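> One-letter residues, chain by chain:
There are 2 protein chains.
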Amino acid sequence: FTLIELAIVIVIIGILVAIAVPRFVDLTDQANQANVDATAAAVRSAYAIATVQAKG
Amino acid sequence: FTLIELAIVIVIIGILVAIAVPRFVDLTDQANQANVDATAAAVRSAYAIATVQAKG
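Protein chains in written order, with the authors' numbering: chain J, 1 to 56; chain F, 1 to 56.
Bear in mind the hints are in silico, worked out from the structure with no lab data behind them. One should not assume that every hint holds.
Stated by the list, open to error - Residues from chain J shown here face chain F by an in silico Cβ test under 10 angstroms; the list is partial:
| # | residue |
| --- | --- |
| 1 | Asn35 |
| 2 | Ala41 |
| 3 | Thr51 |
| 4 | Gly56 |
Stated by the list, open to error - Label pairs and their calculated CB-CB ranges:
| # | chain 1 | residue 1 | chain 2 | residue 2 | range |
| --- | --- | --- | --- | --- | --- |
| 5 | J | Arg44 | F | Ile49 | 44 to 54 angstroms |
| 6 | F | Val11 | J | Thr51 | 45 to 55 angstroms |
| 7 | J | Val52 | F | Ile15 | 20 to 30 angstroms |
| 8 | F | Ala46 | J | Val36 | 55 to 65 angstroms |
| 9 | J | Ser45 | F | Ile49 | 45 to 55 angstroms |
In this text, a Cβ means the ideal position worked out from N, Cα and C, and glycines have one as well.
Same shape as in the complex, but just chain J:
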């Protein structure tokens, strides 16, 4: 590579770095809560259906 091409590369690397980038976040607490809540809704419906099947 010519020295000019390396100079251009040295410039552009410095500009394509110094972007923002997202953090990874452990969102499993929020997702676990929604899983527990959705499951609780399912248990209530499953119970209601069971009261008809059981006739009691």
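Please build the complex by placing chain F on the supplied structure of chain J, with the hints as guidance.
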């Protein structure tokens, strides 16, 4: 699904849970009492009709 749609779902699940829901209740005692009472009325009438049939 996009992360936005999952975020919206995580919100709405938490709100459609945390309703009230009725308990099932064993009301068979109250219903059994009414059955016994209605049957007792029927036995009295059946007896009265029988006193005419029997002529005694």
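> Taking the hints in turn, state whether each one holds.
Going down the list of hints, with the structure as the test:
1. Taking 10 angstroms as the C-beta contact cut-off toward chain F, the hint placing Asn35/J at the interface holds, the least distance being around 9 angstroms.
2. Because the beta carbon of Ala41/J sits about 5 angstroms from the nearest beta carbon in chain F, less than 10 angstroms, this interface hint is met.
3. With its C-beta approaching chain F no nearer than about 5 angstroms, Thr51/J sits inside the 10 angstroms limit, and its interface hint holds.
4. With a cut of 10 angstroms, the hint placing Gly56/J at the interface with chain F holds, because the nearest CB-to-CB distance is about 7 angstroms.
5. Checking the proposed 44 to 54 angstroms range against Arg44/J and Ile49/F shows it holds: the Cβ atoms sit about 50 angstroms from each other.
6. Range check, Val11/F to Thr51/J: Cβ separation about 30 angstroms, and the 45 to 55 angstroms hint is violated.
7. For the hinted restraint 20 to 30 angstroms between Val52/J and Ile15/F, the CB-CB distance of approximately 27 angstroms keeps it satisfied.
8. The supplied range of 55 to 65 angstroms is met by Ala46/F and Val36/J, whose beta-carbon atoms lie about 58 angstroms from each other.
9. Against the hinted window of 45 to 55 angstroms, the Cβ-Cβ separation of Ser45/J and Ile49/F comes to about 50 angstroms, which satisfies the hint.
Against the hints set out earlier in the document, a violation occurs for number 6 only.
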